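Student: Take a look at the letters that make up each chain.
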Amino acid sequence: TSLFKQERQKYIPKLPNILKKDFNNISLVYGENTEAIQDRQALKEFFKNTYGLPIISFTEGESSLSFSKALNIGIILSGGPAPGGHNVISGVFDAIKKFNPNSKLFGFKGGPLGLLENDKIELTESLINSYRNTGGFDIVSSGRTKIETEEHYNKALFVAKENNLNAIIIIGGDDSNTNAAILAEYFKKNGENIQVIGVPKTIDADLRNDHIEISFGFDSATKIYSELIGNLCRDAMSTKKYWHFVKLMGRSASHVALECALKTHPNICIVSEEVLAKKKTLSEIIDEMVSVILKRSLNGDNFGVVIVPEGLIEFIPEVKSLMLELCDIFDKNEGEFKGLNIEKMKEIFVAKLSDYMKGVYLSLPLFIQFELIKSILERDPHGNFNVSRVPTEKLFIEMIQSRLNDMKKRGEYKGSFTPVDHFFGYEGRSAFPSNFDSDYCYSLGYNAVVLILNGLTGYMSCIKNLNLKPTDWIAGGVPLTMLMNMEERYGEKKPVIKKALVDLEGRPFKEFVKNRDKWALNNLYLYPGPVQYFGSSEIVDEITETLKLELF
Amino acid sequence: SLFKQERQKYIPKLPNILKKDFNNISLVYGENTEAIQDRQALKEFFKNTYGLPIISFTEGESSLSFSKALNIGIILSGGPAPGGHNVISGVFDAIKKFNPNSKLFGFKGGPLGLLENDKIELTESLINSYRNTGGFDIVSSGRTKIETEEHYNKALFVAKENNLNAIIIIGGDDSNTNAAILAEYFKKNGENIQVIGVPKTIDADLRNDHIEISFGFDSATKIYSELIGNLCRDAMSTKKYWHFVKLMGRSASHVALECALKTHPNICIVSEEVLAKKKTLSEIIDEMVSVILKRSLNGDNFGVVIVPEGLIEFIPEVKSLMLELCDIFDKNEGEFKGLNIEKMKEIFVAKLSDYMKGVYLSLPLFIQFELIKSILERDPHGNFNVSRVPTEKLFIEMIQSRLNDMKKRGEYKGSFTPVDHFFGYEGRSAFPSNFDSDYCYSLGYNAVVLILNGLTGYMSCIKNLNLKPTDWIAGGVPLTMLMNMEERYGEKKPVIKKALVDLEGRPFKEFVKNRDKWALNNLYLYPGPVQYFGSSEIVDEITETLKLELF
Ligand SMILES: O=P(O)(O)OC[C@H]1O[C@](O)(COP(=O)(O)O)[C@@H](O)[C@@H]1O
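Heads up: the sequence lines are chains B and A, in that order. Counting in the deposited numbering, the first sequence runs from 3 upward without gaps. Counting in the deposited numbering, the second sequence runs from 4 upward without gaps.
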């Protein structure tokens, strides 16, 4: 397309030294016998044929392989895009073609649904070439259909068989890596010989553990967000008149928010996990932001930058309690709402709420009051709600203006508060991957094929030592069951892999805690650049602050 | 920041001429000049600096108007543009070269810093930490308009007390308006203080035959196009979202048009064309809806739209409304003195003419209030606040309604999922590209050469910008040639005329040729992040606009 794209296309991703060796010269080294996180008992029931598989690692030396004929592989992309997905695919292609030039790669379109519907294309050399080192999932598009029913699982197998597949690779987050486990068990249960391999994808870093150091895409997304946030800090510093509020996409955790904070040194950054842990109130959050603004104003600084995660309102205990009460006032007094008008029925809630929750409700902006009513009036069959109708940054902005307007009227705020809001997310997830994600993703995909060539199913492709140069990285496999627990929902116990949230005892969070009061009151902004793909190795192979601190 | 550390070490590239000794660089005088329009009245006002000659530099001797160390003052004005700090580093390096005893003084927060004698000395170690960086934060900036005899008296007193040989003003059309009049004041009153302007703005609305582009436009459009290309790729990857992207640019669509030529979005609105064709808001809406429907029938329930922030000043019915709201406020200001926005709205509605009131009340309520704020938050030069007006959200709401109208007859079976964006503040203080780094350093270094050669009332000017920096031509354009008479705050005044998109120009014509293609097909281009190290080709890329314009 652009000159950038053609040049980037020519980049050769860097492999672990071992993945460079011939396939006959790569030996399995078996590990222990893994166990689940919890419900170690019931996970032996559900996953009879797959459980307690050892962790796999790879070392040099002679080995015999499970194939000699050409392989056929199906590949699925599920969920939202992450920079480097296309490199997982280029790595798989390059690996099967090295093994046997007659091997074929089939890309199922628009998620797992493509497999159910036999909606696919053959990825050929010239096709693959155009996608090398590119952003996007647009080689085959993604979706998020789950394979659940017996009718579904049988079609998956049907389509797999009529396409002569030896294996399926699924690239996705927590939920598709869980699904990958059950498909692997399903094939093995019905005596079929199709292997399933999982690959760890998410720009939000909510898939990770002792074995998976990071998910793919998080490096590239945070670099883009931090460049944009650093640029806003520099603009704020230059004109000294605007408070920029930046919401970042992803409602599950503060991994992205925390990393951008470490990259840019903003004046304020809110961590959802901490808000939940310290049980902070809405007014406490507001008090704390207002106090930073006033103090800066007294230093003569009528500007600053705030970072908030998208899922923040769902981490305020007080808000859920207010919500659970309002719809209890709705589930009871059903006939009283006929028939009603809202604004008229608002004062019904206002008169019926408990003293303190009425104070919380009325503290909100008026449009927010109404959006909570609408949230209840639209609960799913199981009666549960979500607060998606309330935008975190805009809620905070209005409440802050209000507090400050009152203070000005009684003469305790001389400064000027002019807010500008920003929401980033879509422009970071289909960006060109950094060298790190390019190397990492290419490695994961290449490694997936080695796992398949050794007969393995139910494994997640895994590359460790990610803080070191790629030649020094270590390749292997993690069994999918060991990451699981049983989640109970509506009388049922389905297997799950739980979201990894920010560890409030981790080095990243502790680093942030150590320095945040200093960043708040002073102007110690750091200005990261755009992602570089040419120049010295330490610029082009820079990793996240997160990974740097966590490992070491 | 490791990036900043490595980038700080870049050596900007100068025109060959500027590398020669200052006693080796001679003038070439040329064509005389005049203003763009209202030339008669402007010849009264600018009686001392009208019709000066175009300047170039060549290898020779030249009469050097200075034998003793220089004292220069320097002003950063208006909104930031990447490379302002390289302008400053080019002035500093040049005056140190000339005479190591030369001092450079930075006035803080724009022209107000001059008026209030608020400054800092810009020293070698201070300049060093800002080399090749984004931002205007070395001294910060502001948008103050110097008009009154007292303001100019003050400007004179501060200038004279600081023993200043020359003042360098870095800014846009608003600031070079200040600079033009200041040079005229100093001359008319008989003083030896020289005033040189520098052509800054991400909006590129400071342009003529001689000034090929303003600095910062290159860097800003590059970051904005990276992001839009990323949104195009996400839309292609997931196939469900219609992205509406507002862009900075102020009045002109130079920014929007460049980003469209960089990315091939499905829709880009060009305000200048809207005004030429006298389109109504409703007509713009329907043209967008038609594109959306067609794509949907083709199975593409996604796309990307570029919206210029200045559009409201180019739709005849809305422009007219905004001028009447302005007129109503300016004439009944005391009534509005204390009131909230709802009470303000009530007055505005009561005082609008019947036609204008119907227009106003046809807008969504959120737009009704933002229009008022647009008027109330006019800058010191009288510009409306268009950056705060969510034009893209107005588009989304009106398109949403029309698509529901088609859906009501079974004529639109897709689901519309719009996403709003506004790329602006995040592009202004970004790290400058090699182009802007090279161009800005040359412009500052060149302003010193012009000062050394006794000039005042000139814009620093580097020509042949599509060529390798060594092959650039250095010189100077008289500030008056850019000027005309306009009404600001209910009164007629001399200003630099804003250069808008030329509908007969090569950039717009390239867009028209391909735009229909880009609407119905998915022909997106994906520019990457600006590269600062590496192959001469990717690192020294320039804008589509500049290539087409010099072709
Ligand atoms: O910085 P502000 O006061 O919000 O004003 C925004 C305006 O400044 C700009 O970013 C730059 O304008 P100038 O280059 O003319 O100073 C415009 O694009 C935008 O309309």
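Hints are computed from structural coordinates only; laboratory data are not their basis. Some clues are possibly wrong.
Unchecked claim - In silico DSSO-like cross-links for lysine-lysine, where the CA-CA straight-line distance does not exceed 30 Å: (1) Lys410/B <-> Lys243/A; (2) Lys122/B <-> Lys46/B; (3) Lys396/A <-> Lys396/B; (4) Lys242/B <-> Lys157/A; (5) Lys501/B <-> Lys111/A; (6) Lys23/A <-> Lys376/B.
Student: Quick one, are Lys410/B and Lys243/A close enough, alpha carbons at most 30 Å?
Tutor: violated (46 Å)
Student: Hint check: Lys396/A vs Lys396/B, CA-CA at most 30 Å. Holds or violated?
Tutor: It holds: about 15 Å lies between the C-alpha atoms, which stays within 30 Å.
Student: Does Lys501/B pair with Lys111/A here, judged by a C-alpha cut-off of 30 Å?
Tutor: At roughly 50 Å apart (the allowed maximum being 30 Å), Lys111/A and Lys501/B break the hint.
Student: Is it true that the CA of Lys23/A sits at most 30 Å from the CA of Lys376/B?
Tutor: violated (73 Å)
Student: Decide if the proposed pair is consistent with the structure: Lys122/B and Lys46/B, CA atoms, cutoff 30 Å inclusive.
Tutor: violated (35 Å)
Student: Is it true that the CA of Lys242/B sits at most 30 Å from the CA of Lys157/A?
Tutor: holds (24 Å)
Checked against the numbered hints listed earlier, the structure breaks hints 1, 2, 5, 6; every other hint is satisfied.
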